[PDB]
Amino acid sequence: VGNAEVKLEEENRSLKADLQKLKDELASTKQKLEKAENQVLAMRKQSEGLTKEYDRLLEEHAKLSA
């Protein structure tokens, strides 16, 4: 009987530790995903900037070809 309670508390503390580890890994993965979204946002911004760059470059190439 006492052996059974000892084993119970062993599996019990192990379960507590594994739950903590899952929570920590979840937090880390979530932070990484959100910073990736920020990265993608900055990249779309610079994509629009690239549109403006292409406008000016094409206008200059055309004024020089003429």
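Between two forms, the rigid core is the largest collection of C-alphas that superpose within 1.5 Å. Positions refer to the first chain, counted from 1. What changes on going to the form deposited in another entry:
- Once the rigid core is used as the reference frame, the Cα position of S47 differs between these two forms by less than 2 Å.
- A displacement of 2 angstroms or greater separates the C-alpha positions of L58 between these two forms, with the rigid core held in common.
- A movement of the C-alpha atom of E9 reaching 2 angstroms or beyond is seen between these two forms when the two forms are aligned on their rigid core.
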Second form
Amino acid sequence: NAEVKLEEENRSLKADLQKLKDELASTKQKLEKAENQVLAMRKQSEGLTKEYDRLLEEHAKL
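The structure above corresponds to the form deposited in one PDB entry; please give the structure of the form deposited in another entry next.
Excluded here are partners and other molecules; the one chain stands alone.
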């Protein structure tokens, strides 16, 4: 029984391992998406700031 019990437990733990791996994969993709969004918004912030600057430049030339 020692060995059959160990088999039961091993299969169970392997299943748990797979479940956790799935969770980690999902969460990882979510994190990747959020990070990439952050970068995107850095670029966009830079651009928008540049346009705000264009306001001042153009006005300085009237």
